[PDB]
Amino acid sequence: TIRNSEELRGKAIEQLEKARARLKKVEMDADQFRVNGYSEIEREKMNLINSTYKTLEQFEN
Amino acid sequence: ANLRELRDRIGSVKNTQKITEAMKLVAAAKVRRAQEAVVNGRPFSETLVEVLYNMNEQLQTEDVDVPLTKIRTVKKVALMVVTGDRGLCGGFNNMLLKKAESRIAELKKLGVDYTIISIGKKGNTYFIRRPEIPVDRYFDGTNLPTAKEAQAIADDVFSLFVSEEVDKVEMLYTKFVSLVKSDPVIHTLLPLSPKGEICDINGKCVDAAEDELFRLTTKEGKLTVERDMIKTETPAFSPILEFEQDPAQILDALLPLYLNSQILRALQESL
Amino acid sequence: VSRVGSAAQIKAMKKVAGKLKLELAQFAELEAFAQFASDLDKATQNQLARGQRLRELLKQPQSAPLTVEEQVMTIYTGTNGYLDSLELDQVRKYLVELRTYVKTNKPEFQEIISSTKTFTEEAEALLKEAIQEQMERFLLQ
Amino acid sequence: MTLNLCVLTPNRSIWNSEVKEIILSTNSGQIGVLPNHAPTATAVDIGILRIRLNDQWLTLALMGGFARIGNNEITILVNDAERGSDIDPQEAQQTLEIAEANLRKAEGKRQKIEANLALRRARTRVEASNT
Amino acid sequence: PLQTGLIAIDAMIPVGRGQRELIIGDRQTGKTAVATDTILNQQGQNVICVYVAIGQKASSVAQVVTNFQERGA
Amino acid sequence: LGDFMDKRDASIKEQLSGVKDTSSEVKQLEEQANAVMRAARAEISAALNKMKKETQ
Amino acid sequence: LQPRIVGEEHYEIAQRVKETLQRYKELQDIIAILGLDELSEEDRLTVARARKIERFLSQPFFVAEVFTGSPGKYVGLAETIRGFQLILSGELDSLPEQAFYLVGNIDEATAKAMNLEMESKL
Ligand SMILES: Nc1ncnc2c1ncn2[C@@H]1O[C@H](COP(=O)(O)OP(=O)(O)OP(=O)(O)O)[C@@H](O)[C@H]1O
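These protein sequence lines map, in sequence, to chains B, A, H, S, G, W and Y.
Just so you know, we're using full-length UniProt numbering here: the first sequence kicks off at 63 and counts up by one.
Just so you know, we're using full-length UniProt numbering here: the second sequence kicks off at 42 and counts up by one.
Just so you know, we're using full-length UniProt numbering here: the third sequence kicks off at 364 and counts up by one.
Just so you know, we're using full-length UniProt numbering here: the fourth sequence kicks off at 1 and counts up by one.
Just so you know, we're using full-length UniProt numbering here: the fifth sequence kicks off at 146 and counts up by one.
Just so you know, we're using full-length UniProt numbering here: the sixth sequence kicks off at 112 and counts up by one.
Just so you know, we're using full-length UniProt numbering here: the seventh sequence kicks off at 375 and counts up by one.
If you are wondering where the hints come from, they were derived from the structure by calculation, not from laboratory data.
Note that the Cβ used here is the ideal one computed from N, Cα and C, for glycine as well.
Just to be clear, a hint being listed does not mean it is correct.
[Unchecked claim] To give a feel for the contact side, a few chain H residues facing chain G, derived at Cβ under 8 Å:
hint, residue
1, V367
2, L383
3, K384
4, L421
5, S426
6, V431
7, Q434
8, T467
9, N468
[Unchecked claim] Computed footprint of chain B on chain W, listed as stretches where at least three residues anywhere in the stretch have a Cβ under 8 Å from a Cβ of chain B:
hint, stretch
10, 128 to 140
11, 154 to 164
Turn these sequences into a full structure, and let the hints steer you where they fit.
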């Protein structure tokens, strides 16, 4: 009982620690991915802000 | 715009034919599931009848005095009718309620003070629309009939008989003997023989021709059903059982199981 | 009808088109059994659900024409069953996100479908990887 | 390593696996069975059939029936036996309060026996769903 | 192959270059929509598209041609 | 003669308490691991839509 | 009736209303010959919501109060959208069908339902 119980609590606390490190990785993942995705949403927006002048010129001709 | 009218009418008849053949096929699949339930619930009652037959052959000289198996001939009657759940029914519920009227006709004529325990939704609709017949309890099929409906009906019939108020609790139902003809039967339920056979309303042991375990096989190219006589029953041997409980209490605890078995099998056969 | 037939398709399209046609035919067969879907065999329920979520990828909005690679990947996903678990109000959104994701991230798939005009095993593997990745990213919601 | 045990409701066989130690709540009280028991065919009250899998002690929720002990092939024909613990006790006490409530209104002679049996089944339901 | 951009046509009723395929339907079921989707889908391929508006309303043709000019087809 | 078995049982006591608080921490940390990417993905689409209104 | 012209909420509620009415139009013969009681749970709900929608599309006119016997009502777009959204969202499933008949807006539907329940109790 003591070997299996210490094994259970030890494995579960090491699960806490390794999934805590994995939590650190996911927090960094979300922060970095928001830093990336801001750029792509601004990219499609600026595609619109240029395409308005593009269609302006297309009808200017 | 008459040709579009005929075109849409033809389309509606095509769709109605499609959905009627779909209902036919899914009803056949549910017939297969009902025979599955029946042949799966059988061996419980097989071991029950072999145990009970041995027990009552050891308990004839005794005094057993169990309230379910006593014969109180002061002649009240509790006829229980079980009908179909939903509609289109072929001609199920009509002939069921018709035999119900015929039975209460012979009953009231003899002044035996009958009553009715309606089980099916169509039957209980018929009875709430006709209050000239007295009725005790109401049941339905939205609840599953394989366990809970049968358990509730057994509870109510047990509470009706053990509290010795009415005699002769019989059940009118419809054993599946043919795909076109389904003639209803009236079998008694609680005033049972201690040997433990299903009886007629006369009592003349219709287990002789009960024809258990129906199955479905086609004959040439159309669907039919096959019903044989005897299957996988081993009732003969009677070993020493060493009763720890008092023998009257053993049957007193055994007979509710037989009540539940008979009620459940009758529900499954009518379904 | 089309009297020209499969000769008007590229080699990539026929492979998924055969399975799409067979599964849509089975759904058209079992369409009457939809009201009694509860009391049916599991294979029949599978064919019915596959049909009513293959019908959902044949919906399109006006003036948004799919390229041949996008529809190859859409038909492949639907006809194999990498959306047999989703709900009917999610198939269209998931397919839009998956198509944009694959076009943005895995251009080897578009290039192998476009230059060789066949559904290569490498395209199959790339599409399964992209399906798993977008399945995780969409289960995130 | 034990006797063959089959708990059988009317409609189905619940489970026919073999376990070590069974406490059988009869009409005469609780009785324990052993592997290689001499055959005793008893009754069973609306009560608790506890088992022992030699790894963990488990309870079974049943609403009555009958039992038979044979040559290590024992058969217990029950009324309503739900395998293991399928329910949680909150809806059990929500059934206990309403069963004791309707015991009062159900006061006629047949309703006495009916409400009493409903009570003995609710009590065995909750004392089986304690674990 | 003639890519019509609609997945249901491209997989089930495929159209080839040199085939004559009939967009037959009822009133207001999407026939002009299907033709316009095909003409927009012809952007990458070098297909010279022709749209013959026979007995249409003039503002309908104006809407179609402005949609063409907007999408770049 | 009592504290010697008191310790040997108190080990199992602290063990089960640790596993209980452990399971609580597991569900909370997986909740936060879902929550950080969920918050990023939701708020990025929020700002997308809001700035897209002014863009239109 | 296109999203870029009419707004996404307007277009989506119009598409939902039309899909519900078309599904009710297709259930019309499986109901009329095979029984409304045997229907499934999703389809009975569709049928009830479609009958309620069909009642709610009616509206008394100011130049037709000589036929309807009731004063006409002007219904703006927003209250129409909100009413049909209430109907097919699942809130108003406890109202009678006649509560939606010849009412201006959805608050008038609820008021007529209240008067109907009053007449039904006493
Ligand atoms: N794939 C689609 N997705 C969304 N809306 C569509 C689609 N196809 C057509 N519509 C809509 O259906 C309506 C009618 O479309 P369209 O003009 O193509 O039909 P039509 O048959 O040409 O009409 P008519 O019979 O007057 O010529 C339009 O409002 C259009 O927006």
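These are the hints, each one checked on the structure:
1. Because the beta carbon of H:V367 sits about 5 Å from the nearest beta carbon in chain G, less than 8 Å, this interface hint is met.
2. Because the closest C-beta pair between H:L383 and chain G is about 6 Å apart, less than 8 Å, the hint holds.
3. Taking 8 Å as the C-beta contact cut-off toward chain G, the hint placing H:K384 at the interface holds, the least distance being around 7 Å.
4. Given hint, H:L421 at the interface with chain G, holds; its Cβ is 4 Å from that chain's nearest Cβ, closer than 8 Å.
5. Because the closest C-beta pair between H:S426 and chain G is about 6 Å apart, less than 8 Å, the hint holds.
6. For H:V431, the suggested interface contact is upheld, since its CB lies about 6 Å from the closest CB of chain G, less than 8 Å.
7. Interface hint at H:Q434: satisfied, since its Cβ lies 4 Å from the closest Cβ of chain G, which is below the 8 Å cut-off.
8. Hint on H:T467 is violated. Least Cβ distance to chain G is approximately 18 Å, over the 8 Å limit.
9. With its C-beta approaching chain G no nearer than about 21 Å, H:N468 sits outside the 8 Å limit, and its interface hint is violated.
10. Check result for the stretch 128 to 140 of chain W against chain B: holds, 7 residues qualifying (beta carbon to beta carbon below 8 Å, three or more required).
11. Evaluation of the coverage hint for the stretch 154 to 164 of chain W: fulfilled, as 6 residues show C-beta separations to chain B shorter than 8 Å, against a requirement of three.
Hints 8 and 9 from the list above are not met by this structure, while the remaining hints are.
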